[PDB]
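Okay, so here's just one chain, in structure tokens, the form solved without this ligand.
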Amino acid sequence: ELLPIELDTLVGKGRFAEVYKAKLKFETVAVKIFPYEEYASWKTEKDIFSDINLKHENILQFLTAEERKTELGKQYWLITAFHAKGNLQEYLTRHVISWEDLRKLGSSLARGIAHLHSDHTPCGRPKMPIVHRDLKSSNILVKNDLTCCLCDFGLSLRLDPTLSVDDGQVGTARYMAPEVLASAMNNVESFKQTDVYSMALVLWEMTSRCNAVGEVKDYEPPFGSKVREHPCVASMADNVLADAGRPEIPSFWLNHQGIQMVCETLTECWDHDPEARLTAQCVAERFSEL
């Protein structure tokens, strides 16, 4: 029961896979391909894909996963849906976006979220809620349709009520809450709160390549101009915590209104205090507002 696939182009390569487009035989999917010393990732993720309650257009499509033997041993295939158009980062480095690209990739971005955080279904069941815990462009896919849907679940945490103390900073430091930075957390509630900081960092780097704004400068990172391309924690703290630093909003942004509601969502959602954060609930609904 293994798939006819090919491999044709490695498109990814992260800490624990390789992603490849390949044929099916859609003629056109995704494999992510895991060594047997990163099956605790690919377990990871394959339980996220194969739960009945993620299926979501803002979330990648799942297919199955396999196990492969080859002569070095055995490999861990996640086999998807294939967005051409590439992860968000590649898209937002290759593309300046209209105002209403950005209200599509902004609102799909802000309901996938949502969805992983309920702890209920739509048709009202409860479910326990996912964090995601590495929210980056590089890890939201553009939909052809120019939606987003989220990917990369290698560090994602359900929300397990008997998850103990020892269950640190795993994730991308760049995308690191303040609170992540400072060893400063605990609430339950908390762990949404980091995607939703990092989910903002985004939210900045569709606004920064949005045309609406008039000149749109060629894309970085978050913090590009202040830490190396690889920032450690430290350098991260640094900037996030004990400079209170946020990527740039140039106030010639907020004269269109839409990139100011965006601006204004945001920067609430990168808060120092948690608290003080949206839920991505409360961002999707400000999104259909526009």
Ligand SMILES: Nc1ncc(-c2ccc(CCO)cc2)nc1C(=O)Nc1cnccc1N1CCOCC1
Contents of the next structure:
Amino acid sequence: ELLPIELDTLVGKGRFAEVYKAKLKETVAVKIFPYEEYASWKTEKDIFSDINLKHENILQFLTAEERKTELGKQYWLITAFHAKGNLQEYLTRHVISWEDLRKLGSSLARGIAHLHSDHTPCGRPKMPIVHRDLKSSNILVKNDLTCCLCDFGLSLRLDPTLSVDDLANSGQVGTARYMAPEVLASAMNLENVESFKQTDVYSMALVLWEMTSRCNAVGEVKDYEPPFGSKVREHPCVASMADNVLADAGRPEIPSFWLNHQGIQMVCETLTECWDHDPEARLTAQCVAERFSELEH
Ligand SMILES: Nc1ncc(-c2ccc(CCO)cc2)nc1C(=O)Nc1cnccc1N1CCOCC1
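Switching forms now, from the form solved without this ligand to the form deposited with this ligand bound, please provide the structure.
Now the full complex is given, and it begins with the chain already shown.
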């Protein structure tokens, strides 16, 4: 019943699990959850097991397994392995081209638009998913320099059976640095879903800014810094983020010289709309995916 796997190296650590590069008797990623984190494993398993989720910008799922150990039991998620690792690490090490920015930006928007969509590309109905923890460290870089979504531990399936009371606590979920102003404010319209899609678009805007900040088409490129790196501490709290994002209406800096390049100007105008204080003023991920396809000459 169990797959012939040999764990090689610890490559990552998420909030609920450890990620290993492994040999399948070829190279796969094994995400290992302890018994205590069973709910996170089940949440990811349920998303990855949905056949309607399958997309080139969503991490390929192989199987889930329960593995008895001497000390107890582990819960595994076996997926495709992307050697280039996460986008934050990638942008820290590399200065990207305009072409790289277009491929990474468009694949990110396509992946998010697919999660958010109530239909498959072929028109069949599907469950929308909201990621709820989008950030550069959660995005995998494929060998062809396109994006790939993973880490669905905090994700929510937008099921019609969802209660208004269940969505309350829950509470503020995610990484404080990437939380939308309405999440930081505890100002969400829990009465309507799609308000959750808008929070994912805000986080996507910060990621698009990170990609843009390391693109040689801007002219002079600075060393990589995460969004708000120069204003907040390493692991910021919701209060410190609220003071910046909400009270000071603070957003990562876009120097005027970046706008000299027509492509960079279009990307900047788009991401600026996507991080608007008002969730209703934000573009949809589908709109962003369309704007990136317009960048093709
Ligand atoms: N499918 C995968 N294939 C390859 C790699 C990978 C490849 C290389 C390196 C660099 C090592 O020197 C790290 C990781 N990770 C995953 C993966 O699913 N990771 C993953 C899942 N959930 C939460 C966080 C995750 N990580 C995102 C990537 O960065 C670490 C955390």
